[PDB]
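One letter stands for each residue in the lines below.
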Amino acid sequence: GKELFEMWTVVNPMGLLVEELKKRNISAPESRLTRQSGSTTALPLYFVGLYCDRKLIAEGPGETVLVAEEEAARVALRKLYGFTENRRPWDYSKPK
Amino acid sequence: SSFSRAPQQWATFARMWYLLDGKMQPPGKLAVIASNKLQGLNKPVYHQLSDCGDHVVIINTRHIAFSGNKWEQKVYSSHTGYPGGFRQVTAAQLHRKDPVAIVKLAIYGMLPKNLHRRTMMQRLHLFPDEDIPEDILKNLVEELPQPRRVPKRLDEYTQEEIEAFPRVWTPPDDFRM
Amino acid sequence: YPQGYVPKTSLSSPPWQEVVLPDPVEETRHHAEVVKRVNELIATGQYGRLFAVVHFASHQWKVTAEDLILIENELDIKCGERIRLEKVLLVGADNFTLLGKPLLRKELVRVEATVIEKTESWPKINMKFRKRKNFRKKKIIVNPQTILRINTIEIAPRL
Amino acid sequence: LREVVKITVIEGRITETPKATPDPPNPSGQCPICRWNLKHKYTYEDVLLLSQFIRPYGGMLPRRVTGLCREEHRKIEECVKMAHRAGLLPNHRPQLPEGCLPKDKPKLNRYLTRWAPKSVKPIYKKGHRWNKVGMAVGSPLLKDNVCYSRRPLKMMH
Amino acid sequence: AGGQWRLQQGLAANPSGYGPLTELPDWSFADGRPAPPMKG
Amino acid sequence: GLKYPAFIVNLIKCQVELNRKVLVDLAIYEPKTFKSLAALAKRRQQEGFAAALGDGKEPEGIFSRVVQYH
Amino acid sequence: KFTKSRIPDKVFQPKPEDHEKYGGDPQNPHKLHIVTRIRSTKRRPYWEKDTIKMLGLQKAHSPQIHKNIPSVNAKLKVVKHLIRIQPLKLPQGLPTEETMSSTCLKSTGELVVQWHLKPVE
Amino acid sequence: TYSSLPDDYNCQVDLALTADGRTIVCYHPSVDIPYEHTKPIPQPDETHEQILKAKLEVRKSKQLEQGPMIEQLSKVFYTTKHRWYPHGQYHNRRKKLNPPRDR
Amino acid sequence: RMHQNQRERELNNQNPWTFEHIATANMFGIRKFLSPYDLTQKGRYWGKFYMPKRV
Ligand code: FES
Numbered sequence: 225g226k227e228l229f230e231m232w233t234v235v236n237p238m239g240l241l242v243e244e245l246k247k248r249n250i251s252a253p254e255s256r257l258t259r260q261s262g263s264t265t266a267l268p269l270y271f272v273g274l275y276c277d278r279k280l281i282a283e284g285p286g287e288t289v290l291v292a293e294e295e296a297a298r299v300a301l302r303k304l305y306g307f308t309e310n311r312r313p314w315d316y317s318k319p320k
Numbered sequence: 002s003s004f005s006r007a008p009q010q011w012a013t014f015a016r017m018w019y020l021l022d023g024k025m026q027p028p029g030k031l032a033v034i035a036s037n038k039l040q041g042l043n044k045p046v047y048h049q050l051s052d053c054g055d056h057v058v059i060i061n062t063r064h065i066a067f068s069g070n071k072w073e074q075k076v077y078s079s080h081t082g083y084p085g086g087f088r089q090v091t092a093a094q095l096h097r098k099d100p101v102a103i104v105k106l107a108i109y110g111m112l113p114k115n116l117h118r119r120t121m122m123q124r125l126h127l128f129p130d131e132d133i134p135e136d137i138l139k140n141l142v143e144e145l146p147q148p149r150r151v152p153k154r155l156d157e158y159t160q161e162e163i164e165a166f167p168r169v170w171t172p173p174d175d176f177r178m
Numbered sequence: 050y051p052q053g054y055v056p057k058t059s060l061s062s063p064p065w066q067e068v069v070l071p072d073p074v075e076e077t078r079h080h081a082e083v084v085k086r087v088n089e090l091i092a093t094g095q096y097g098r099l100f101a102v103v104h105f106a107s108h109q110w111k112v113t114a115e116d117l118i119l120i121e122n123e124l125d126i127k128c129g130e131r132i133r134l135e136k137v138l139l140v141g142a143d144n145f146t147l148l149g150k151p152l153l154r155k156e157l158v159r160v161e162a163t164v165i166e167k168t169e170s171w172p173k174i175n176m177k178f179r180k181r182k183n184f185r186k187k188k189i190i191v192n193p194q195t196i197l198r199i200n201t202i203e204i205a206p207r208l
Numbered sequence: 035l036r037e038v039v040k041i047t048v049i050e051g052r053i054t055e056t057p058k059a060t061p062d063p064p065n066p067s068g069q070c071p072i073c074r075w076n077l078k079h080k081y082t083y084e085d086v087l088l089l090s091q092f093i094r095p096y097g098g099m100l101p102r103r104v105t106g107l108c109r110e111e112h113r114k115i116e117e118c119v120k121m122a123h124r125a126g127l128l129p130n131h132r133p134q135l136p137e138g139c140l141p142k143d144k145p146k147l148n149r150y151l152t153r154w155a156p157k158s159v160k161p162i163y164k165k166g167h168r169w170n171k172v173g174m175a176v177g178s179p180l181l182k183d184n185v186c187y188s189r190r191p192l193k194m195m196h
Numbered sequence: 022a023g024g025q026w027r028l029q030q031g032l033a034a035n036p037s038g039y040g041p042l043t044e045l046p047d048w049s050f051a052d053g054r055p056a057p058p059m060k061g
Numbered sequence: 080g081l082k083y084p085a086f087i088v089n090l091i092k093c094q095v096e097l098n099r100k101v102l103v104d105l106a107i108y109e110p111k112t113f114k115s116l117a118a119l120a121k122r123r124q125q126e127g128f129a130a131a132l133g134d135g136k137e138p139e140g141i142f143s144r145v146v147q148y149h
Numbered sequence: 035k036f037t038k039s040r041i042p043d044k045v046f047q048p049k050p051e052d053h054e055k056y057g058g059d060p061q062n063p064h065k066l067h068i069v070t071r072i073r074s075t076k077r078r079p080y081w082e083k084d085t086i087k088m089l090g091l092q093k094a095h096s097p098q099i100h101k102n103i104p105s106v107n108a109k110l111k112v113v114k115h116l117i118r119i120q121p122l123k124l125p126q127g128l129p130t131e132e133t134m135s136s137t138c139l140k141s142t143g144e145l146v147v148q149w150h151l152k153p154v155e
Numbered sequence: 034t035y036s037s038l039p040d041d042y043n044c045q046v047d048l049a050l051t052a053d054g055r056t057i058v059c060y061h062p063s064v065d066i067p068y069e070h071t072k073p074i075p076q077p078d084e085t086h087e088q089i090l091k092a093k094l095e096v097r098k099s100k101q102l103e104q105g106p107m108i109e110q111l112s113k114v115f116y117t118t119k120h121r122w123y124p125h126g127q128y129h130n131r132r133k134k135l136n137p138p139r140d141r
Numbered sequence: 197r198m199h200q201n202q203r204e205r206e207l208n209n210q211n212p213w214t215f216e217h218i219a220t221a222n223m224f225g226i227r228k229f230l231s232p233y234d235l236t237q238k239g240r241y242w243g244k245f246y247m248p249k250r251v
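Chains as they are written, first to last, in PDB author numbering: chain c, 225 to 320; chain K, 2 to 178; chain S, 50 to 208; chain r, 35 to 41, 47 to 196; chain j, 22 to 61; chain R, 80 to 149; chain Z, 35 to 155; chain a, 34 to 78, 84 to 141; chain N, 197 to 251.
So here's chain c without its partners, still in its complex pose:
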């Protein structure tokens, strides 16, 4: 029940993401605003999606565009490293 970044502290997640994408020779992502609500009020909701080659890789929610954009980076990283929430459960079945 522990999320990755709760056990590992990473500042500037976007910077780490850029380097990782370079290693696999992928283009830098393009940030865009997928969904929006209540922008002018004091309780706004933002969805920001990182698009690569006009193809969606990750989407994240946040209170502000900067916060939401940073959230999208963490979602992307988790998928790359295969530490997603819906990943295969660990295996204690083996008696050996």
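Careful, some of the hints might be misleading.
As a list, the in silico DSSO-like pairs of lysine-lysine whose alpha-carbon atoms are at most 27 Å apart [as the list claims (entries may be wrong)]:
| id | chain 1 | residue 1 | chain 2 | residue 2 |
| --- | --- | --- | --- | --- |
| 1 | r | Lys142 | K | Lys24 |
| 2 | r | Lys193 | K | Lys75 |
| 3 | Z | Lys114 | Z | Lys49 |
| 4 | a | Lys119 | K | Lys105 |
| 5 | a | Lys133 | S | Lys173 |
| 6 | R | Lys121 | K | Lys30 |
| 7 | a | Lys119 | K | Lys114 |
| 8 | j | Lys60 | S | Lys127 |
Hints listed in this document are in silico derivations from the structure and should not be mistaken for laboratory results.
We have chain c; now place chains K, S, r, j, R, Z, a and N with the ligand onto it with these hints.
Only chains K, S, r, j, R, Z, a and N with the ligand this time, still in chain c's reference frame:
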């Protein structure tokens, strides 16, 4: 999925902005849609202790329509509290003085009779015409279909449509008209 | 103008719109193709966590691995013992789901659980409504309980 | 169509009129409505049918010219009033004799208005639970129309 | 809900009556040994 | 786009015996699975409508076939 | 004064159309009744309360087996409004000592002598 | 296009029956948002605190008195004023120190 | 004509259920709520009032 705890909670419980158009609609049917969203009964995560309402914006409240002879038969009553302070007014008269009172009164009656009702009414924004402040417009997320279907007038039929409908009788040529 | 023709009017046609269902012959071919794809996904093991709906005791529980369940009666199983839940109504993954009518076949799905604790409930007060109620005309009800931990959910390519 | 012209010397000239579309779907029908199988399937919203029986100034035509039977004549007459009151016939307004102008008041939107708006009294004392006074909606003459609802239409609101 | 339809197909009105869902055993040991019969 | 009575009734006619408590869990926590069930209930409703309007002996719907037990 | 009443005999003489509707041949009459109580005896006269106890119909929605003989039928007529009667049916024959432990009664009124809880296939 | 629900918002539903007819198979892949349906981020001019301070601007009388301050707060968050007043010591001492947490 | 009309109404009535059958056969135990005269009058008379449309 795979969000952090706080953004996940923030997204689920966020409040949405909706738009309704009241031209030629009956006020009662408009209230049913508005009451549903004000309470939050459109969300599968609804609970009476969770304060999950949304904002509703209605326009053209001046152009509502009443079926039958309700304009002349529906009376609104109020009392000042002083002897002789009982006033009864018909629907048409009230609509003349205040262009928003009829729609607001319908929505007020359909909400639950408790303290949260008055918090809900703070999220209801009514405009008598098609003009909205710029800040409110930026907030909107969606528009909802009108409950009633507006019949067409004769002048709005295209020439082809009149031709398509058959003729049922022919007046004798020896008729004055 | 053919016989039994009515000019279009407000009440001429029903408010609802009739629909045309797809033809049976082509649909069966499409059904077989869909089943083939899903079976390959199971065979290649392209899935993550699985969740199942299991009928146990007299209740239905949505379940997943590592979950804790509380049963409000004694079971006759020792602590630390493994069991198999045999009435499963639904198994699902990220991209596909399987529904029984009303139960899935034994081959498809296997769910195993373990007995962790055997306990009793906290005291519950029952006090019937009667004239001259009094404070001592009261009963305390405590029931036995057991706790199960769900261990694994498995599927096999036998659709 | 005969128009009287005053040039005093006056004369009336007859002109041609368009004829009914051929091939009635249900011949042997005595009234025009029956001939086209429209007995119970028209309402106030159907201006295209209703307009055909209307004078240029919104009046109803006499039965002898139209040929409608008594039952259909009453129905069409009632539906026309509701169409006028609902603002569905904008080009059939009354004629202003010399200097009369439309009252220029705001127009309240209506539909399904049984009575003349002028002469209806307000309901000052409404009733209690099952003694409530009812507000009529629609016309009784159209009761037998085809209904696509589970239960009959609610006339009293 | 659905009581009348169930009876038409010959089943019980209440799905908690006779049938496989209710009558069949709810569990068995991981080894394969059958469980003791349920009291109901 | 479904009303509550239509959704619940048609699932029963497909021999699905999920109770109301578990259905709420799927809607909140399994949005894609809930949508799949929504289509299934809608289709069975359409099959019933077709069988009603068409009269005489006609083939029954694909999803309108009832498995039997003995 | 409210008192016991006697039903006219004509009520129990059927008509040809009834035989078609309910599907019972006026010959080869069935032998065993299935009776269930579907209403309550409160607010009913005491004679009806006593008969319901004689016929064993104390619990509602539980079937009881009775003989289709005139003496029993005389009692059933008294409480006709509180009960439902269905004729028994034995498609696979009467149960034997071998099959006594495998019977199961369906809602249709059929006492099958084999119950496997498996799809018919 | 056998599915009776449009496939354009949440997922694509494909429903099939097995040959024996005892199981129903569901295939529901997710739908991604098209690029043509997105907007660019407004990079030219943000912490939520900064938004609040602009909203709760202190202009006149320096720190306002209770009443006027509460009326400002109610407008920003679309509530009534009654929400914002404090309570007495009886209610504050009943409150739990350590309420339970689920996960 | 009135008597002839009454006979016509009884013969052509489309209601399967009539007051007479239910009262005589005590369906529902309806006789708990009725008077002896109801069997004779068959629901056409109530107090001193005659019902002209009751069949
Ligand atoms: S419509 Fe044909 S005579 Fe009445």
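_Those earlier numbered hints the structure runs against, lowest number first_ = none
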